[PDB]
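Here we start with a single chain on its own, the form solved without the named molecule, put down as structure tokens.
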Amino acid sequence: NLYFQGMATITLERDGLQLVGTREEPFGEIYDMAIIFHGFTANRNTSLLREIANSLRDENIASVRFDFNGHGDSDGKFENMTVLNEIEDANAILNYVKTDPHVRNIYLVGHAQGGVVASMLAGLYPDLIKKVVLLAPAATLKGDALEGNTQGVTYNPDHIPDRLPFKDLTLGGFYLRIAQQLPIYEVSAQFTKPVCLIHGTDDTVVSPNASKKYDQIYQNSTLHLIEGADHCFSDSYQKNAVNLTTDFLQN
């Protein structure tokens, strides 16, 4: 605002769970604000999300970035997280943002499973959200759950187990049952304002076909295929993601 600029740890509640976030507060009495969503097993402070928030703040666009339930600093077990209750988290965050009297336009920015949360939240609030940026949006998590193979762990999609050991973690069976039937494109397509789609051609985690499919479903989308980039836009590719996202939201 006019008097305070910089970072601040902030906390919200959704159904009895605390969610922990970081707010980047820019100069000025009135400013736009992006809500930034991390992906599956990530957190609000990955290099990509930090550099997005930093670049936005340089342009005086505020942002907030929260850990989803079951992630990072927030409450809840990872095993109890699903894409649906992450959309419920995202709605609690949007409650916080849309009632801040300094906030002019609201933008959603989502990476990977956070891109599905962003795209679906924008389709539920198409009258409020002004622009969306999806980075490698993980709409393929539905097709993966239907196949029975979530990033190399396999299971019977017709009889999903109660829980699924997953590296160091335990994935809920209810996450997978929800994933199989999520109306990702149906809900997301209701957002007819500008969308920017950014996907690396060498993403091994989410097929670029996900963004190609979003680009067909949206009324107003621009697709950027970043030649050679991986799922996280790591190292030499990071600035491609950061620049496109910042340029998109500045106008």
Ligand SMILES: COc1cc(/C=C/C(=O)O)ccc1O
The other form holds:
There are 2 protein chains.
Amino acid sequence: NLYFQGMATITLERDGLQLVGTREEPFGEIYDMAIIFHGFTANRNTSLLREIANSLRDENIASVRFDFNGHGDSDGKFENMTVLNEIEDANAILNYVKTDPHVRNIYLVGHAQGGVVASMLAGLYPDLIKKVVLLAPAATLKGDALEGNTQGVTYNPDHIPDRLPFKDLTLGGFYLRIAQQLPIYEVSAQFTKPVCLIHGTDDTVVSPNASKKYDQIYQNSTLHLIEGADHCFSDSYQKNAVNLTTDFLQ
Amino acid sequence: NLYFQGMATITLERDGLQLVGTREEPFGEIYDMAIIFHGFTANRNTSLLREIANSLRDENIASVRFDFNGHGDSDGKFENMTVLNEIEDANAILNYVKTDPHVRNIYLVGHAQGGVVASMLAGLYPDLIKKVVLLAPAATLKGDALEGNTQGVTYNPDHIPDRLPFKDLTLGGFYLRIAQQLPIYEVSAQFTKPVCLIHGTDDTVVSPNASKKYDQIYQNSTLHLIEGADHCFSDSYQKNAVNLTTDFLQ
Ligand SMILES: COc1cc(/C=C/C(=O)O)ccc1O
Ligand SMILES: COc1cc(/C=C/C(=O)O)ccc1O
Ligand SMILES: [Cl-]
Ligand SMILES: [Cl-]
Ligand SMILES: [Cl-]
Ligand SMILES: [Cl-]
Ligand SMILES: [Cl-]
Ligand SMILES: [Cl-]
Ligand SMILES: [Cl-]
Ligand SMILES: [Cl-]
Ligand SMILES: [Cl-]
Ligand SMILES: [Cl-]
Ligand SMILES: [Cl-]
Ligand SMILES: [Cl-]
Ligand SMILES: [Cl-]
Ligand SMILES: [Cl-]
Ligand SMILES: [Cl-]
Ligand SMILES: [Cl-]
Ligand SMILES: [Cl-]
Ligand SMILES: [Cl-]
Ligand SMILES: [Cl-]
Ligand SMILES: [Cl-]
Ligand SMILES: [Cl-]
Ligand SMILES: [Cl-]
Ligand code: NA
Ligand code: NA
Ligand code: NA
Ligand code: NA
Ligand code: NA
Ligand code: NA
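Now that you have shown the form solved without the named molecule, what about the form solved in complex with the named molecule?
Full assembly next; the chain just shown is listed first.
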């Protein structure tokens, strides 16, 4: 604001769970604010999200970034996380942002599964959200779950198990049952204001086809396929994601 | 079971909220079990649900009935309840039931909004649930929210307010935003096993058309329109609801 600029930790509550977040506060009495959502098994402080928040702050756009339930410093077992309860987390975050007297326009920025959270939240609040940026939005998590193949781990999609060991973690069967019937594009398409879609051509985790499909469904979208970039826009590719996001939001 | 028959309180946890429930335990080493879901602003112990549980118990069918978040003895503010987080509650209840070594077949029985919870849960677990009974299932809550008229209380459906005073309570705006885009029939229709639909012709809260539509969409359903009955199957009508439910489940 006019007096404090910098970072601050903030905590919010959603159903008895504490969500831990970082606010980047810019100069100015009035500013726009982005809510930035991390991906599946990630957290609020990846290099990609920190560099996005820093870049927005340099253009006087505030941001908040929270750990979802089951991730980072927030409460809840990973096994009990779904995309649905992350959308519930995102709504709790939005409640906090929309009541802040400094905030002019609200933007959503979401990476990978956080992009599905962002796109569906904007579709639920198309009257409120002003712009959305999706980075490799993981809409394929639905098709994956219907196929019975989630990042190399296979199961019977007709009889999903109670829980699914997944790397060092345990993925909830209810995550997958939700994923199969999530109305990702139906809800997302209700947002008719500007959307920026950014996807790397060498993304091996989520096909760039997800972003091509969003670009089809959205009334006002711009698609940027980043030649050579991977799922996390790592290393040499990271500034493509940071620049496009910053330029789009202003 | 073989040794204890009667009622017991049980508590479960869903995201940091405690859910309080009543188990009716019948005679027998092995038995079927019904999960019974109450409606909007109701609780696990209405006359209708108690008489259903008692009748099932007299035919050796066990049951559990929990207060949803925001209701009765369970945790959470009413203002923070949605149909989605009630489905999350219902899944937590199902986790408890499906791991009980006595239980053979699992049935869902839901009244009004609890019928929407039941129908969508069965659509997420069509491999597991064996039969469903819906009593005046409140699928019209979606159309109501799209119209901007929820039980006489009107608002702008294009810009739903943060919160909506509703009788002695405060309904969350996010309840209504969820309601508008809930894929009630899409998810519900994935359950292809037997469904019993029961609806009173004088229901002034949820049109009997909701149950006519479920009967259209379901592969294996039976519709019973109860001439003269109201939304709660109150008084002279209550045994229509209890009898049909009991006969259907066995
Ligand atoms: C769990 O299902 C999936 C999730 C991811 C998430 C990616 C991201 O968050 O980076 C991608 C594909 C899937 O099938
Ligand atoms: C909140 O929206 C509604 C919910 C009800 C719930 C009825 C029941 O649980 O008895 C019916 C119509 C509605 O528009
Ligand atoms: Cl100030
Ligand atoms: Cl705080
Ligand atoms: Cl600044
Ligand atoms: Cl991320
Ligand atoms: Cl990192
Ligand atoms: Cl940093
Ligand atoms: Cl840092
Ligand atoms: Cl403006
Ligand atoms: Cl859903
Ligand atoms: Cl689709
Ligand atoms: Cl490029
Ligand atoms: Cl026993
Ligand atoms: Cl217990
Ligand atoms: Cl008995
Ligand atoms: Cl009820
Ligand atoms: Cl009563
Ligand atoms: Cl009683
Ligand atoms: Cl009693
Ligand atoms: Cl059997
Ligand atoms: Cl949904
Ligand atoms: Cl529909
Ligand atoms: Cl009759
Ligand atoms: Na404004
Ligand atoms: Na293209
Ligand atoms: Na990759
Ligand atoms: Na069995
Ligand atoms: Na009819
Ligand atoms: Na009535």
